[PDB]
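Below you will find one chain, with nothing else, as structure tokens; this is the form solved without the ligand, and questions on how it binds or moves follow later.
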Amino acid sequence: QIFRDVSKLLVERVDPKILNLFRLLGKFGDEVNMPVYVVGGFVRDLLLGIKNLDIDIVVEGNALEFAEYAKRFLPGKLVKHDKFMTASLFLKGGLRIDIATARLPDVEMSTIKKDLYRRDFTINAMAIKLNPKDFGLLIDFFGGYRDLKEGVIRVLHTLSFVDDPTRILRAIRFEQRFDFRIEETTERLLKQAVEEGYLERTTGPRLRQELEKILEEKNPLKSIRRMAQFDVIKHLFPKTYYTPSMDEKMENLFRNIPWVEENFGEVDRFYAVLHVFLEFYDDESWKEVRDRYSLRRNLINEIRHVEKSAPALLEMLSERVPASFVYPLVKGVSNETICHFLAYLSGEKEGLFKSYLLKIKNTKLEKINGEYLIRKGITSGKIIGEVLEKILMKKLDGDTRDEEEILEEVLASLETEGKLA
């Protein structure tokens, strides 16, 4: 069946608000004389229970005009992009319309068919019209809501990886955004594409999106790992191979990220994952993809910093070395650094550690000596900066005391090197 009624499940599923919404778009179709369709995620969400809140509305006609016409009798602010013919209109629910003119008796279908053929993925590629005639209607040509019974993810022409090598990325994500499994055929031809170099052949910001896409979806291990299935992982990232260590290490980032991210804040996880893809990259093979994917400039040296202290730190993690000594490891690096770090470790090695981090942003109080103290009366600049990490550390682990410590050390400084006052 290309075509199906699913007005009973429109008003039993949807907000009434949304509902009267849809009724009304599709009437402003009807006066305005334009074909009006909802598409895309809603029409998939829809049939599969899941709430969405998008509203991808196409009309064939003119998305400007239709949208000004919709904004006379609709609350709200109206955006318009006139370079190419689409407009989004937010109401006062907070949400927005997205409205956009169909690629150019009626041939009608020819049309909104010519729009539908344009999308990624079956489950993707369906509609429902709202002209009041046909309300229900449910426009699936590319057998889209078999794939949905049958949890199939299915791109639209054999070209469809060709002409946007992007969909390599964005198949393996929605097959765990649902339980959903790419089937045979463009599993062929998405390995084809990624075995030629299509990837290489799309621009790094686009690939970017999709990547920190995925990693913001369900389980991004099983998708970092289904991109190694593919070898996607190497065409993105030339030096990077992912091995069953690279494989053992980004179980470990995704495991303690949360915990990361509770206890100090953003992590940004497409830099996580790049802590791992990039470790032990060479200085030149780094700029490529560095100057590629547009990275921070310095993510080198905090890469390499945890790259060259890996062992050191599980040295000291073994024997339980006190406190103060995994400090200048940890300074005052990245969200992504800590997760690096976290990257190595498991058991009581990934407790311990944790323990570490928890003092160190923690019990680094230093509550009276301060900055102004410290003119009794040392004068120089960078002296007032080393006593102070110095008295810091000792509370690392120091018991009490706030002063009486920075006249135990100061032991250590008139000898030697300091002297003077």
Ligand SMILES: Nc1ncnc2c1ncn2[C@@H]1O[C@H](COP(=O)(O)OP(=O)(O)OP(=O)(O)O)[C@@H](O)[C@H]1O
Given for the second form:
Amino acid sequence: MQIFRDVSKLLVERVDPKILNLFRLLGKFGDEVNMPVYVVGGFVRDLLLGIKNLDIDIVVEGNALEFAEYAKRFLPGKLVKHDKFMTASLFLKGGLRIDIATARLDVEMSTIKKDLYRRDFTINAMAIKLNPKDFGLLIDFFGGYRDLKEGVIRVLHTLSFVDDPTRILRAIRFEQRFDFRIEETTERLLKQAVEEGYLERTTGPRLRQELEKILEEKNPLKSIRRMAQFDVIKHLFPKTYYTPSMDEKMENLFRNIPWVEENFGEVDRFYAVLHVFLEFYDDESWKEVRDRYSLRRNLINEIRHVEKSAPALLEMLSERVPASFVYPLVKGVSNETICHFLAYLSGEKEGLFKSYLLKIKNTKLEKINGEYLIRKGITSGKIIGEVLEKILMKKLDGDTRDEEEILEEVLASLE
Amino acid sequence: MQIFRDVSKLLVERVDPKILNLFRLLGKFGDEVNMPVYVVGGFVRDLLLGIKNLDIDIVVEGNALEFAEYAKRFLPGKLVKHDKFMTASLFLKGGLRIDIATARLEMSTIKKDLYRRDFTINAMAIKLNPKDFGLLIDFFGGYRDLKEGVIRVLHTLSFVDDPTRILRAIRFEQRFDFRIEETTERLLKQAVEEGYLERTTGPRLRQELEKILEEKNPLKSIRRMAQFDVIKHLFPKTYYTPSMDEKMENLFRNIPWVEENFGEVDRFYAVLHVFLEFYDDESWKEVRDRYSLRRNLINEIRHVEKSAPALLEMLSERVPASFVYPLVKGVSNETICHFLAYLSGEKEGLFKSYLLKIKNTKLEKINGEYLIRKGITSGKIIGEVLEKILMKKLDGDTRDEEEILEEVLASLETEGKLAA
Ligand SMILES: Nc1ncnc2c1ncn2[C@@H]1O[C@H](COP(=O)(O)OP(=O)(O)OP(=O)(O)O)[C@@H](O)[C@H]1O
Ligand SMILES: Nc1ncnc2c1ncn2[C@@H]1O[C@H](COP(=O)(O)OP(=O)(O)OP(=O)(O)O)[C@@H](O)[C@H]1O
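Output the structure of the form solved in complex with the ligand; the preceding block shows the form solved without the ligand.
And the full complex, kicking off with our chain again.
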């Protein structure tokens, strides 16, 4: 196919001038220090799709470090060097990070081709040359341009997933972000690497990251679902079986995470999802998952809390009951515990349980009473904190005045 | 002779990064709109000389306006377009703006554009398009002349074409401590004698002249101008004699001092004070009209040439302060210098101390006006009696009210009512 294309006009019309100007300069600096300068990866992809990107990757043929020190000279910002693998990032204003790398060991200067070929999918393996001579040059050896037109996710070569099974995850994320489809050959390859154990063959940490990145997408459920279609989940969490049920939970989970965030703050989605994936895990199967990925040791208790009390919750919800009855179930629990509870309901029940949650957040108001009256009268320890709890509940449902309710339960519990 | 050299290394080393990046961007734009882009004029001269320069003077082979318009898409600022004659200006901050013009009518049409300029060292260019980014272009041998410090017109008619360049050539001579190579010297004299300055408008000459007086040695520029007999051809009745000269010397040694105690000094006028001395009624008319001088300047100037002798015998015999006041009472700072133009040594240290006395011994402390108005009195006598007190103060004093009474008293030679 056409391998070279002029996207210079495309550049000036779609690229904000502060940024287009930075390209013209990087290109000239490249020429001044005698190195080919390319912008590569995601920006090239998004540019052709009309998507904005402010995370731009430069590849030079030469020395990133040199090239980047030479650039700092003429550009305002902070330079971070990473010597071990000649690489660098220049930090510019307005969320704008410019990363520079050195391409390793087809006119000739086509060593970018060896750089491009090492990448994951064709839409992500294209390059735009920035040196003034060839300023707008779209370099596309692998048919990523057409693959953008035809909405196709495609690996560069047969051994792609075997080299990095982490791309199994990447393929699905991108195919779900853009509504593309993983082409036949890649799908056979993807399926095969999953089936054979390639994921189980890759480190927890890299899997976790690729997982988190999915959870930072617009619609993670899409990807989780697609994963389930490719048996990927079974192989990440060996005791998790993604059934109509789990998936119904996952949908509720995702529906309610906003509403939670809005009222309780940051939700760590990786933990929120694990609450679902991991329900009903035996003790042993839990340690292995908790060790493969690094999972806060108390998690399995928190999950076990939700999976144990869920029918009771459901039950209380039907039969609308006194808020004080559900309090013990949401006591001092993570936003993920709350999310996990919400995973279990929809419609009327859902909102109903919402209102309880609010009633609990907001009505923690013990107000006038402040623990003084308690150790003013005689008290020690645990009793202090049990009278304080009985006062608390009485409020949630109705109310008394200041402390009739206090002497109500020191003389009701006195019995 | 070598025309092309590569000053790109010198560019990154000497030019400010904001500006360099401008230069690179500008070159890059030209390539995008198919126009050769050069930086020209004095920036090139100054770069080469290590002298700071912010002027961004640009010439393109294509169309200043289309170019300037294209550049504006990517550069924040006001675009003024000098639509007649195809020039533009791109306005940016820091005191910074880009002047873009069209290389008038091989890429080496810049040669024709470089050929119209004044002197070799101002006739160069640096190309900016990325393929030739730091490329010096010296068809006319401005590098050689820059290094040898030589002022040399580009061709034979240069002075006939623009007599302004005669004053320019001197100005530069003295700014860079350069000298005017002989053929340009011979060629200038010729242009001056044949009467070419007078053939070209007053403003144009006036501007070049004010410009000369802002430079490093105005004195030097003037004695030099005198050598080529240009003064005589600018102000027909000014004859640069050693009298005329020694006045000018003092003028300039004193301006610093004047400017110190009194304030800004207009050098152009401060010079004309000396040039225009002794111009008859009919001659002042012509000069004043041509260079757009103040109707009144002649008066101020005549004032000094007349009252000048009197001042000397006032300093020999250090007569009390009062006796000189009438002579410097409302006059301009230029007038003050004009007077100072006559004094050397101990005559000036004395005359200087007098001026300083009157400056801040105005000192009308409590006897201000309507005090005297509360006795009888009405206009123009008020002013006279007030003055006579202040005047007595210049040379010692009393209460400030005892003196007014000694003076109304002295009044009775006559005023108009009262006075036991
Ligand atoms: N695991 C991988 N295998 C092969 N190539 C990769 C891999 N990760 C990244 N790349 C290459 O690095 C480029 C940038 O990495 P990055 O994760 O930022 O990709 P991206 O396209 O920006 O994805 P995102 O938009 O999710 O940030 C990609 O466009 C791709 O060429
Ligand atoms: N009177 C003139 N005749 C011919 N060419 C001129 C004349 N004045 C200027 N030029 C050309 O245009 C350029 C810009 O004019 P300008 O007076 O700003 O020069 P400059 O070198 O910047 O000197 P200055 O220090 O006075 O700014 C000159 O350097 C010269 O190349």
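Here, rigid core means the biggest group of C-alpha atoms that superpose within 1.5 Å across both forms. Numbering follows the first chain given and starts at 1.
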**Q.** Listed options 132, 93, 238, 204; Cα moving by 2 angstroms or more between the two forms (core superposition)
**A.** 93
Q: For residue 403, decide whether the Cα shift between the two forms is 2 Å or greater, given a superposition on the rigid core.
A: yes
